[PDB]
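First comes one chain, alone, set out as structure tokens in the form deposited without the partner chain.
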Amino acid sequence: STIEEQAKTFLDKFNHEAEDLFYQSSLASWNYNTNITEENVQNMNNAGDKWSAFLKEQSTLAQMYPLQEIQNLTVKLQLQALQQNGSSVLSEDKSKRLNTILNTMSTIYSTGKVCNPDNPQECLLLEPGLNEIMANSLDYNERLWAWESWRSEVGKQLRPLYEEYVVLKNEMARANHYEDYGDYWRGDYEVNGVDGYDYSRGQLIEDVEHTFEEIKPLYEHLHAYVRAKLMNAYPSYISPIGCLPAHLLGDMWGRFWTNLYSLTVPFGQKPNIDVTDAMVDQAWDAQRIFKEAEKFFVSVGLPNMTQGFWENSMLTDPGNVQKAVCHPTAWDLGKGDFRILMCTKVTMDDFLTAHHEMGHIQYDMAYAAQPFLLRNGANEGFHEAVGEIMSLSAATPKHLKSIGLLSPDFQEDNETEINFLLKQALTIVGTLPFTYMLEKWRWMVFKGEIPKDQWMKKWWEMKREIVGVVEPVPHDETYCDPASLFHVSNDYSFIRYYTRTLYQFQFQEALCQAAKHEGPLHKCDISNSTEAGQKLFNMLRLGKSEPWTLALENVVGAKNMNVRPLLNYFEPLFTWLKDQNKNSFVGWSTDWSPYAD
């Protein structure tokens, strides 16, 4: 009778149709990804097309019930998710133009190549060629050549496309009554109509900026320590008061500073924990690795894996006859079918990755009873936050001793912990100014605050000011250096890596408290704590049926993103950095550059 009762019946029909159509698609996608054949690309495309067509038809249909006349909020959440027409609010001509632009930028990125200035037939792609240079080379000029020629050969191609992408995406977003495409992206965090849990799209800007201010002193000190270490190794290339040259950061963008570890390691003769040899000594295999991770989750009160998981997952490289896509992924196919795909090696890295991916599965199993559309993380940052904390616990010396991979005669001390925290900070803290700065620039481009003729000028001013990184070669507006990173040229939002990073330390802090952990937060292992498992499970089973602010509060007692646990985690390194830096300049002047003499 009423509009809500009809929407309920419509969703009732959608859920049952969607489950089966999504299941076929996932199944066809699975057979391609474990067995790369031309026939399988085809089945994968057809079943995905059916699923895409089903959604467009159901989206149109869902728009005939106005949310304005729906009071039940979970009905309202589902209808709204299905109603977001997205691109189909543009004219067909603009949609086709946009999808063509998207496609071209994507293939420019994945097929873009540079050839060395001596041999026009010997070329490198980004992956593996340029990435191997930017992660491994110590040679200043090789790194400079890779950095610059990536941005001038492929970035210049992306520039005109990116300009037209911004125009069309903004048209798309305004037609859906957002103020621009960045505001559209910030929609992931919006909560309306739940008293004491609402969250506006603009509020995300303020909380990212406020939490970032509190991160700056840790980052300034990390930056100053890293600059001093690099200056010792490159004395004629680095100013003691300047920004870090962008091509000296350990990958193609300085997205993570992970690969600076060999040049910056504090206590360079202390042994690093690597249980790989011990796994090989005890003849572990992939099966044992995943059995151990299962044991980890069972120890905190969470279910074991389903029988189908063990039967249907692909946990080792399937030999050489069939080729597989070996990037580790957790699959939620629907209908109680959960799988991990991973070409597992007998290494500590893959041992930790397995706990990470199985955390995804554990999240997927917990919200499987939610209606189809609410089967997801509470927001874009939750799934990855959940995966990360599992590797935190699994890697600690306590846990590695507990499972017999680390000798009890292993000696943890001051220095090995500072080593570990610095390696952690290079990756985790190093990416936070990078991530904030990149998204801020996109948010301002989408908002219209950066004219086209200052795109690159503003990009490099914000790199120098916010990130403390300076370009080694001047770039005019024929470049599009943002787009030389995957997420920009492939149309993915980036703030998720910032929010995820804060969430994970909030979770870990809460769970380690519930586990009664004594000592510095980075040493905590939540193993054997059913109190920790329950507190996590109370959020996991929510999916996205509740506001993310409430889902967060279930675990950590607060309703918002908070930096304090991240700083708490890094406090032992902070005080050590501050002491190390007593004879250094802390901070950076932005006018120095490698090419200005």
The other form holds:
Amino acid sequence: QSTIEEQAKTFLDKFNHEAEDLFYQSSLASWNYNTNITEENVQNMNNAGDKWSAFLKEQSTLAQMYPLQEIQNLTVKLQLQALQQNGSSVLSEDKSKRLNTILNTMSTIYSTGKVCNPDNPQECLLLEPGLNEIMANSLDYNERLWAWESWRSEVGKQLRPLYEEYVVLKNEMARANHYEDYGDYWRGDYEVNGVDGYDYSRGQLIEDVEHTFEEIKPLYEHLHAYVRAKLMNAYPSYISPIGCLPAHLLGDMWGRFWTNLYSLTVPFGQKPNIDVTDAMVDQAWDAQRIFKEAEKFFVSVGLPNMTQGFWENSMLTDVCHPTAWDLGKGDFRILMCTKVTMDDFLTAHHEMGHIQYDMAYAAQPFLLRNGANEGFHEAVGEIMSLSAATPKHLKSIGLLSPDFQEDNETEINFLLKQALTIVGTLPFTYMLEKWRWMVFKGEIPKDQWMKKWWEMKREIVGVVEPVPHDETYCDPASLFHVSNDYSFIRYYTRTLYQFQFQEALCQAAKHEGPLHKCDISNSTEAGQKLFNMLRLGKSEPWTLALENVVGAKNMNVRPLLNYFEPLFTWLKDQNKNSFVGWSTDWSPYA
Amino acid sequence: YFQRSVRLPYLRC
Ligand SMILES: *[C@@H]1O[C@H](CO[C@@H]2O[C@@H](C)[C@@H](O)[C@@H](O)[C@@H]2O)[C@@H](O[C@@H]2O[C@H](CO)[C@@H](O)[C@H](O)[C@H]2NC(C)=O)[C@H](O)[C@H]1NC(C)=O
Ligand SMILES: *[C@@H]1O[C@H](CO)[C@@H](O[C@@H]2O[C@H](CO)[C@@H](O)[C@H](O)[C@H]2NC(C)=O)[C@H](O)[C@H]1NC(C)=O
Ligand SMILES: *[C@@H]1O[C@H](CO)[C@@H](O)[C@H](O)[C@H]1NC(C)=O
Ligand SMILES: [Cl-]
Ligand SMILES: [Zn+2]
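Could the form solved in complex with the partner chain be shown next, to go alongside the form deposited without the partner chain?
Now the complete complex, all chains and molecules, led by this one.
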């Protein structure tokens, strides 16, 4: 309504038209390489990346002409906000060159990391598949210890001096962009300003993560105590009944998930879990049938069909990483090397959920065609596969016998398997990001980085290092996300969101019984509730968008606790002759 | 992977 505002709208109109054209062309160079990996496609991809990133830098320069204080249209403010951020441009050419070198070196060290046999230096193992296979399937305490320790001494020790300089440079970049530090800079993804009743400060995220973690601690402690007792049978004499779990016995290289502990902890092993892969092959199912079933599921809640261009341009059979593509101009695609299995049946529902999200906000301005925050998109995908895997859903589409009844023990097995992945990762994810936040804040001195890392592992996660690690180690950087400069708290917020979504959708569907058996299929009221948030994209604060589905403005862990309540009740009875919780004093080496 | 983002326009494949 003002001259600057009116000029701002005109600039964004030009930007949106140009961004759509160039992004679509860039996306095609991305689709072509990922489907046909050739040097010609690598080079066109490499050229498109520089064209796309240079264009955004120039538009960022043009966007500085429109001060935000004189803008009153929030939708205009939101796009100008994104375009005006300077990023690493605030650094001198020398420091940005140094930071890029450090960033590329850390990534290269992680991805080329290999450890070799001490008695045969020509025999070496990479993380994938070599060390990961040991960390998942080995019952040899010392072989697992060798894998866990060698990775941290070969890779993590290399990263340690680089990570120190990475922290200094990232904090410099963040402060010059008017943040307290790099951690504060990352927490800006959740920031909301200028919307009365919906604001969210960057410091508020720390409070809400800590408060919700407190509420999940009783469930995690009971899961931990049950897993500890089973691990004492699996690794006799190596685990204290009152102590933390040794870090190298958790089923992967870090204990990020406890998924691979299932066969060591399964409550009722004589009862097998549901696997309709045999039913799918016996019904002559193929990849087209799977995505047709997924399309019918979304249609049944009121959501639209897949576009005709989706079927003609998608690659649904044999870069096989399952992805959903939003190229713009009405072009939506799914890339999946689909097999006739229950897993790919569930993943197909997950990936089409991304597409449904993309199609709902397609009319938003270019930069607002995104999830409401970094946790929303994967939360939307996860709740789709939750409904599809329930026996109620599998019986409806005839992949399960009509007389099927899930019993006491199969339900406990499923919830425990779900908890090892979903609940097990929450203390891990919180503790890791808290350490980074404190390091960025300057609260952990360099000469105490590993001392505080393992103090926090012991206290927050109930996990203890099997051997002592001085400050020549950088154990956090031995995880991909840390050495490759990715924020981690999204895996925590996404997890809480997905159960908030599912509980609201299932209440709208008038579901009777425990949450984990709910199927939202054939519920147009559930789809309407969900679509009300999906259409918004990023055009409204995530607090408002969350309120459109669940009726509340903030992250809340009660729905997750409700989902696992039958397991929590069973665990309490199981643990009534065991210690619940841990002492941080015990260690394998003391 | 190309993205609709000013902080991370390109993601490694
Ligand atoms: C972003 O930084 C600019 C200045 O950096 C230059 O312009 C960028 C767009 C980028 O291309 C960099 O590589 C450039 O070196 C800031 O512009 C300054 O703003 C202050 C306002 O207090 C003003 O007094 C200065 O004269 C401006 N300097 C120039 C050269 O224009 C801009 O404010 C930054 N934007 C944000 C959102 O922080
Ligand atoms: C911010 O500006 C946009 C336009 O860029 C406004 O959206 C338009 O609003 C008018 C009047 O209601 C409609 O006729 C148009 O169809 C809308 N879209 C476009 C693309 O013009 C938006 O209303 C403005 N924000 C506020 C709060 O008024
Ligand atoms: C939805 O309802 C139709 C008929 O109303 C039925 O044929 C179909 O099996 C139902 N789907 C589910 C998932 O219950
Ligand atoms: Cl570690
Ligand atoms: Zn996903």
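For clarity, a rigid core is taken as the largest C-alpha set superposing within 1.5 Å between two forms. Numbering follows the first chain given and starts at 1.
A 2 Å or larger CA shift between these two forms, after fitting on the rigid core, occurs at just one of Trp310, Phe410, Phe486, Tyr237, namely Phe410.
In the rigid-core superposition between these two forms, residue position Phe290 carries a C-alpha shift of 0.7 Å. After superposition on the rigid core, the Cα atom of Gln68 is displaced by 1.1 Å between these two forms.
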